[PDB]
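Protein chains: 2
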Amino acid sequence: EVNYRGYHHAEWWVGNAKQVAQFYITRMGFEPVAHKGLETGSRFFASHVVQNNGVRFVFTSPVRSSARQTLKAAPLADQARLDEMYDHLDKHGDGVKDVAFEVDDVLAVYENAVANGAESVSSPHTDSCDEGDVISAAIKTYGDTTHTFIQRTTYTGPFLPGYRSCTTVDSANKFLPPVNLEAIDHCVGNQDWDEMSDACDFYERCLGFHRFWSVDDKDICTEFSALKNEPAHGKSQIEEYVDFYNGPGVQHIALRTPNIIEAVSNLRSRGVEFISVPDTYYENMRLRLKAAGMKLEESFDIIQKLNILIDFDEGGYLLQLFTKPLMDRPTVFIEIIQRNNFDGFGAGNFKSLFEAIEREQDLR
Amino acid sequence: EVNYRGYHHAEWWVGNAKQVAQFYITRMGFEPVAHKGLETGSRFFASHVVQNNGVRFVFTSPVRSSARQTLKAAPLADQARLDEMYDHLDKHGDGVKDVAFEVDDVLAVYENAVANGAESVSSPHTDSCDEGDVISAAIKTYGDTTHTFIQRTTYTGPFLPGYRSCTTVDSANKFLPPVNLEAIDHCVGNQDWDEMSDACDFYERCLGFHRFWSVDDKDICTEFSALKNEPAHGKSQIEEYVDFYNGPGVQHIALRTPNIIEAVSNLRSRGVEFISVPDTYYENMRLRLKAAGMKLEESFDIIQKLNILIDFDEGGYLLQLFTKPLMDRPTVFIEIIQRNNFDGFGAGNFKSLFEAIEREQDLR
Ligand SMILES: CC(=O)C1=C(O)C=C2Oc3c(C(C)=O)c(O)c(C)c(O)c3[C@@]2(C)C1=O
Ligand SMILES: CC(=O)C1=C(O)C=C2Oc3c(C(C)=O)c(O)c(C)c(O)c3[C@@]2(C)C1=O
Ligand SMILES: [Co+2]
Ligand SMILES: [Co+2]
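In order, the protein sequences belong to chains A and A'. A prime marks a further copy of an entry chain. Those letters in the first sequence? Residues 36 to 263, 279 to 284, 287 to 416, per the deposited numbering, in order. Those letters in the second sequence? Residues 36 to 263, 279 to 284, 287 to 416, per the deposited numbering, in order.
One or more of the hints may lead you astray.
Identical copies carry no separate label here, and so any pair may be met within one copy or between two of them.
[Said to hold, decoys possible] Below, in silico cross-link-like pairs of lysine-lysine (DSS-like), each with a Cα-Cα straight-line distance of 25 Å or less: (1) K376 with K357; (2) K253 with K175; (3) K253 with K126; (4) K263 with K403; (5) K287 with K107; (6) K107 with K126; (7) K347 with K107; (8) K347 with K253; (9) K357 with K209; (10) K342 with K107.
No wet-lab data here; the hints were simulated from the structure.
One chain only, chain A, in its complex shape:
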């Protein structure tokens, strides 16, 4: 019954994979699924994959230091990998690193990608455990985040080669209200203009008759190309959406739910914390929705209490919400979105939210 929307998973690079992974277990309803580490011969990195219906996260941490003087000298390729991982956690901190797509024909989707100028990160190769085989490749897309192409061949195991399945459920979830998340809706690994642009232009040059590997990126780039804020050291009436819009190296990963009220509630009660949109947003939005005769399913007054956002067109609307920044840097957010016939991505909420500080800064 589960539904990946073609996303194999998203892999994070984080300092404490083992413990950070549990954040999503306790706060957001995930379940431990697979593991890769010193128990399956991974001498240099541990990986913890937690899943929520279609949503699958991988958290990956080095298990050892750079010049680890006690046991082995690291092979040259591997010390470079460890070195790379620390330099990313320094520059960026905990965050999404790689979006990986279930793909038929990695060789082909990889080939076209670099023909049109993709920065290669991992030419096609074939990780091969005892449960089978898989072909992957990877390319730089949005900043230093990446896309990975995955073609299952003979592999049958839990997840990928090297991974072992997970030995049973998590107990904290028999006490916690569940979070009905469906699948990964989209992901922008870096929201700098230059960076976004660069990645979008690259995607456009990847368009052909064969369908592009990430429909959700093609529609984001399309919707936001039709147009390309202002802060205050007050807090800002936009609160942390101003950091979302104007912060550097900001990311967000969005997670589709069939019920954003149910989702947001059970996350409010598990202890997750979202940005507060001002009252003036709903003021103006209630008129816009009414004048346009767009009648929502959900009570407008509950969408207000929950600081949930709205965008729409003639055929339907979306419901959107953002967590407070997940870490001590204001750079990583998670979006929860519910669609009722709207392929949109929230372009309207830039105008609306920017207009929200507008009436407040114009107030003086």
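Here the structure of chain A is known, so what remains is to put chain A' with the ligands in place on it, guided by the hints.
Same frame as chain A, now just chain A' with the ligands:
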């Protein structure tokens, strides 16, 4: 009613303070208490303090990278601090960094410490917010972990200068069975022999007529000085206590509970995971306890199910248990201990547990 046993707190250095701190909120029953960061002018580090009755943890993360090229050039003292924090997370990873003691007369306890050869880390100084003042100092003790001496003067605020109080309770705890932890029982920031020794000899030279700042370290060094394992690539019948005993740079922090059964249960059900001691341990222990006429309060059979450990003497016993390593390095553990008239620290369980693999390796 709360009881710190003279421990102001333990401060961890971790990669993701904001999220790691919540681990202890969800998995172990802590509550958010104070915060220090970009919201109180801390341009370089964030601190999250969570408390459980007497137990108070501080988690501290850099909010910025080393050569953060976007905003400020860091002052020389501060870039050194950021640089230091990354080098510790590289060499060691997430773990306890500093044990801090509520102390009258920092100047004096600091003075004697370095007279007898303490490695100074922070001469007496006086952090001074608008709610008052505090004197601190710090010295290297066990490896690169530290002790900090804290003398409240005019400070009245939540916690320390720069900290703001915490805006209300965590919701996940109205759904989770509580964990009745009392206070910090002890802490060994590095269990290498050389390192332990060095720190103990240093403590001994700190003994005088004035009482020593950490009674729990003086008794550890005393009990374990009366004596100073063997592993298998099988897993080991000792399971992860072999990593505890023979692993390098292992730490553990112990947390006293009045009811280790209640504590361990509610932690089993919140999702915390402990090492399994073999059956042969309880086999031999039931005879030892009986021959010695030591009658326990708690059902021996529940202490067996819960992989809880036992040490005792003529006047009473202790009950001990260890988590599985908390991170992808096998280097940080947490001990839960319950005392019934026994100042011991588990020296007996070395003999018992070492003897447990003994009958198993002797089995062949
Ligand atoms: C509202 C939100 O969820 C965000 C999203 O999910 C998809 C994003 O793509 C862009 C792009 C470029 C064109 O792709 C852009 O230029 C701006 C100014 C922008 O604001 C966004 C985004 C970040 C959007 O704001
Ligand atoms: C059982 C446990 O809780 C541990 C504890 O809490 C206090 C520790 O101090 C030592 C010391 C030195 C003398 O202090 C030592 O040499 C050995 C071999 C030792 O094993 C321990 C410890 C680590 C003990 O094992
Ligand atoms: Co969005
Ligand atoms: Co102990």
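Outcome of the hint check:
1. Taking identical chains as interchangeable, the C-alpha atoms of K376 and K357 lie at most 25 Å apart only when both belong to the same chain, with a minimum of 16 Å there against 41 Å between chains.
2. Taking the shortest Cα distances, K253 and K175 sit within 25 Å of each other inside one copy (16 Å), while across copies they are farther apart (55 Å).
3. In this assembly of identical chains, the alpha carbons of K253 and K126 never lie at most 25 Å apart, being 28 Å within a copy and 42 Å across copies at closest.
4. With identical chains, the CA atoms of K263 and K403 are at most 25 Å apart within one copy only, with a shortest distance of 12 Å there and 70 Å across copies.
5. Only between protomers do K287 and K107 lie at most 25 Å apart by alpha-carbon distance; the minimum there is 21 Å, versus 51 Å within a single protomer.
6. Taking the shortest Cα distances, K107 and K126 sit within 25 Å of each other only across copies (15 Å), while inside one copy they are farther apart (27 Å).
7. Taking the shortest Cα distances, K347 and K107 never come within 25 Å of each other, neither inside one copy (65 Å) nor across copies (49 Å).
8. Taking the shortest alpha-carbon separations for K347 and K253, neither the intra-copy value of 29 Å nor the inter-copy value of 71 Å comes in at or below 25 Å.
9. Taking CA atoms no more than 25 Å apart as the test, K357 paired with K209 passes between copies only; the shortest distance there is 21 Å, against 27 Å inside one copy.
10. When the C-alpha separation of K342 and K107 is checked against a cutoff of 25 Å, the pair qualifies neither within a copy, at 68 Å, nor between copies, at 47 Å.
Checked against the numbered hints given earlier, this structure breaks hints 3, 7, 8 and 10; the rest are met.
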